[PDB]
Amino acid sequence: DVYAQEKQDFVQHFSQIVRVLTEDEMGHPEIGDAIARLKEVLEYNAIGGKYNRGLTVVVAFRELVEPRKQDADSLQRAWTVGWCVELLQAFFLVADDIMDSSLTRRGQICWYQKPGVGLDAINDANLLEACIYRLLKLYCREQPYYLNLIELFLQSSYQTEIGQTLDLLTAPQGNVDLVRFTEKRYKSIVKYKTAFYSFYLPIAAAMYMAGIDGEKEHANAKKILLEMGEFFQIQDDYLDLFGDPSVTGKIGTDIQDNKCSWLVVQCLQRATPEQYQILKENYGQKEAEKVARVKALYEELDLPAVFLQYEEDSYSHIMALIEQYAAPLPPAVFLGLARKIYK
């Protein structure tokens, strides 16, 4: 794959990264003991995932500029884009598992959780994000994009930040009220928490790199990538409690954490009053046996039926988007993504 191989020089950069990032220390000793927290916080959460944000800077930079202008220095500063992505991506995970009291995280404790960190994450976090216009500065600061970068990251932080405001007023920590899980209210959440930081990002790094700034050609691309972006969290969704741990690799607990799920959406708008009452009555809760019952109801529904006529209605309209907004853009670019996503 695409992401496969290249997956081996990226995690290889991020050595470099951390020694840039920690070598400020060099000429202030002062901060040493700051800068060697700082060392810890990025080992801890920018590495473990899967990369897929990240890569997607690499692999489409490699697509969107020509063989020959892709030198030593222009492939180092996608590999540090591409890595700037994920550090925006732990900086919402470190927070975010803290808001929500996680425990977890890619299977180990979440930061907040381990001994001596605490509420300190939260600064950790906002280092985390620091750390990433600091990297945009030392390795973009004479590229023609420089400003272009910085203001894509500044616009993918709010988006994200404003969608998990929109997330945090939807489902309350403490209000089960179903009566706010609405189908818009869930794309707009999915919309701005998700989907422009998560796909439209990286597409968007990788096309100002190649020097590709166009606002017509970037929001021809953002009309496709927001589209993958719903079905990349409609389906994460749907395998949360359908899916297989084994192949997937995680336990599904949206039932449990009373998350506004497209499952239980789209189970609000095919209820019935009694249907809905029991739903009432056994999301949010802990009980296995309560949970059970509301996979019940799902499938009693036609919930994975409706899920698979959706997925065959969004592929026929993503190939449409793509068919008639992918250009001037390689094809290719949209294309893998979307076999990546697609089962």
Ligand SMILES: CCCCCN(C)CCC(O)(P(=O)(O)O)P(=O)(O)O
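Positions refer to the first chain, counted from 1. Compared with the form solved in complex with this ligand:
When the change between the two forms is described as the motion of two rigid parts, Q235 sits in the other part from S198.
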Contents of the next structure:
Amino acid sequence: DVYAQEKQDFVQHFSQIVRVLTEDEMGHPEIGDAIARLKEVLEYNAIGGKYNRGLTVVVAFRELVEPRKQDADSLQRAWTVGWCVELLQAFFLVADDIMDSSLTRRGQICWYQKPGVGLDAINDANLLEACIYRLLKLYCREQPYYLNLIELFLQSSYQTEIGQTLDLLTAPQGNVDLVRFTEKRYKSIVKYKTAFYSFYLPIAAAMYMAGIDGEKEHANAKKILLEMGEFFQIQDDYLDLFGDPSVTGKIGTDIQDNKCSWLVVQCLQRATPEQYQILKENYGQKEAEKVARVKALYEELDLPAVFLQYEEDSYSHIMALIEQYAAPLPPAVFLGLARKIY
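The structure above corresponds to the form solved without this ligand; please provide the structure of the form solved in complex with this ligand.
Shown next is a single chain and nothing more.
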């Protein structure tokens, strides 16, 4: 709701993001072709998603900053930082799609799968990352929270990349990796690869912009936000297999990629030795029939109903955490986020 009534404005501001990321270099004609390639990268890879992470910066900013301090310049900085979180996401997704050998993203073919792009996409991804710090300098250099924001984005990237490392290490291609797929391992992976940048980062950014920099307030916010992030990634795992492709915008690869997904972890906890064997001989391979066998096993073990029940229990757990840890922040900050993902 509050996201919906910030959204269209948020998106309209992308043109200014792209203009400033192109004009700040108009003094250097020789890099014109690169700046043009950057524009094409931005428009293909930063547009077409739900923009939830960026909108969260904007929404939380409005709720944390006194209305009389919400001048036009402060608002502009708010939705610039929001777009920075979107650019970080864009960076991650371009690189992750190569590494997961994915086909489609946000309803179109993955950037790297586009003819003429290929592994040049690696440099495109790093360029998207670079844009973050260009925008922070351009818009936030003279603000008291400047360094707090730089370090938050840098730290969030490190954490996410540690998470990606765990994701990859736990899913070696061509191996049978079932004994590695535990609940304890899973919770660690998603905490790092998803939870910090998708939930802590956006709220923390708005917090620092509102002058809320205390270690205690950030630790309490984090308690709520990392648990939301854990649920969100479990949801991502569920939809990878059981989601509507016209809604998700992308084709799942978790089974073919031998991933430690919530689904396989739950499967393992429930499987008979006979089902375990079936899982063992069909998981982590590219053959459609082997993947289909896995999905059949998940359905036989009623993992969809297990998920639906987990979703409700998680929601209740998250709301309990908000009762405990939200103060002194407006509870609406976390409630609006929860409403978005549940």
